[PDB]
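Trainee: Residues per chain, in single letters:
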Amino acid sequence: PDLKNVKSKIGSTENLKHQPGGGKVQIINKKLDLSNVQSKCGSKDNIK
Amino acid sequence: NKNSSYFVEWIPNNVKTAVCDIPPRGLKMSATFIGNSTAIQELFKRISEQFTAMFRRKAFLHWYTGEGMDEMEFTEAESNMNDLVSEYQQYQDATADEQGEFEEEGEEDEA
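The listed protein sequences derive, respectively, from chains O and G.
Note that the entry's author numbering has the first sequence beginning at 251, numbered continuously upward.
Note that the entry's author numbering has the second sequence beginning at 335, numbered continuously upward.
Keep in mind the hints are simulated off the structure, nothing from the lab.
Hints are supplied without guarantee of correctness; some may be wrong.
[Stated by the list, open to error] Heads up, simulated DSS-like pairs for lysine-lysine below, C-alpha to C-alpha not over 25 Å straight-line:
#1 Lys392/G to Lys379/G
#2 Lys379/G to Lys362/G
#3 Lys336/G to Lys350/G
#4 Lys294/O to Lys379/G
#5 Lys280/O to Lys294/O
#6 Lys379/G to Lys298/O
#7 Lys298/O to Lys350/G
#8 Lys294/O to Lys336/G
#9 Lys362/G to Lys290/O
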């Protein structure tokens, strides 16, 4: 006898393209703007 | 006589006497003093520095402006108390000797 060609069915041989692929993460951080800010009591200029 | 240093010298004989027949209930005899001294300078001296301590820094002042007063008025109350303490200190120990304008006419000069 002869079998010519035969192969397995179905598993890890059909998976070899798809890893799958991974990704990327990031924070999750900010600031605030302070540029407007002055004190809200204010007598010391009255020295004038 | 024993306290000449405690009277102002250009008001003479610094006493108002007066005598009632009738004592206070529960005292066999009493006297009332009403003395007018320069010494009261002390009251207005302390209060007007404490007042400049406040209005110089507008401290406590929002509560009163907040009822319709203005900063001119604090200035005028102060202006007057400072003027007043300066009047009592003008007369604190003011001379019976003449005050000011000490200038004169000279000598006749060859021509």
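Trainee: Now tell me if each hint is right for this structure.
Mentor: How the hints compare with the structure:
no., hint, verdict
1, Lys392/G to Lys379/G, "holds (20 Å)"
2, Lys379/G to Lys362/G, "violated (40 Å)"
3, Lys336/G to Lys350/G, "holds (18 Å)"
4, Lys294/O to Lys379/G, "holds (24 Å)"
5, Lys280/O to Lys294/O, "violated (35 Å)"
6, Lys379/G to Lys298/O, "holds (23 Å)"
7, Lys298/O to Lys350/G, "violated (49 Å)"
8, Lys294/O to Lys336/G, "violated (52 Å)"
9, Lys362/G to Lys290/O, "violated (65 Å)"
Hints 2, 5, 7, 8 and 9 from the list above are not met by this structure, while the remaining hints are.
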